[PDB]
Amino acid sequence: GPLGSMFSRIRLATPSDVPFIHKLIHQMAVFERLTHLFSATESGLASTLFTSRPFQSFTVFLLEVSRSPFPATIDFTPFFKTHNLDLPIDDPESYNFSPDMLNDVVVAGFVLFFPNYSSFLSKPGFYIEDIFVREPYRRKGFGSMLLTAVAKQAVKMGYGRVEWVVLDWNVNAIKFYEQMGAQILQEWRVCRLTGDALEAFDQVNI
């Protein structure tokens, strides 16, 4: 009949997850219309994302789903949840996000984040560089669980804020963020030094 049962898990990524992280970021570059900025490599992620313990620096939570439940127990333990969703999900790219041949596990989303600092609170926070759910799985609460995971971690460590940026035009994301209780601030603009501009400072003698 119409509905079916589905299992979800949110866990920390390991370096072995780099292929799926890479692909998710790519899909974000496509959605953001910023593929011209996308030069990420798998070896780059593997080399730079995991040089510290989780939560101390760059950290990733992965969301996986499955029709079969996960194994028992394999500063954080995974969140598990059981969903009643509709018939099968149409996910053509499923094979691109499957850790295993003999397996119906699929990576459905992620969040990538790290400690920032609020000057004015004298308190660390978390900044979310990426949060993303693949198209087939949207509007089912998964983005909520991902943001909730980071928020809870922040409250647990007594951090002052969680922050990120959103595109001007991205109405759907903005409604999501406001529904989660975020304020969209109008007064700040991002400033960036990069490329030749950055490199030029290597010669400057002051």
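Positions refer to the first chain, counted from 1. The term rigid core refers to the maximal set of C-alpha atoms that superpose within 1.5 Å between the two forms. First, how it differs from the form deposited in another entry.
- The chain behaves as two rigid parts between these two forms, and the smaller of them turns through 15 degrees against the larger.
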The other form holds:
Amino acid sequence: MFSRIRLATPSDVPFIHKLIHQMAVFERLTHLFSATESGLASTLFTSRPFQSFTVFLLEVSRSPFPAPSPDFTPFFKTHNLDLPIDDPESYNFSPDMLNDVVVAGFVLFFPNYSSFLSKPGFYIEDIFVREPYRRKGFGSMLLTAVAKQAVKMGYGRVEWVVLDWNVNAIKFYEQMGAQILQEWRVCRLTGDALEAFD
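Now show the form deposited in another entry, given that the preceding structure was the form deposited in one PDB entry.
This part shows the chain on its own.
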């Protein structure tokens, strides 16, 4: 199985929306899933890669790949597996049924900033791999792509959050040399509280 990581464009909006759908189902967040295709598409038309909302898509194919910003070329990795992958929804994630290319995952990230370094960084909002393609290295590949891109661009940090009880995730992040800056707490002003500011 061949794999490639590439920047999403507006034509990828349906796949990204379906990936977020699956993610919301898995994470039990469907009640707050209000993002729309047209909202996503607007953002993808509006956003300069790496300077705003950015998506990398992971695609897989049984045949090799051909090989949207000055600062990027696609990442690649071949795999091996004569295990059948049962993916009956593959058609819903395929930009090309002639060549059997299937979207298997994504990462959504955007720039943050270290005032102390005067350097941008990246914050990873989400990494999602569809269930049939898990435990094959793809999620790690998506994280790697963001890290590599940061280094390429001279960015200072890559950050994200973890659930304080998710010991498996914590250990994984620590193993790759991430630090858990465990005293900070996220604060959020939304809804009527936010609207009160006028």
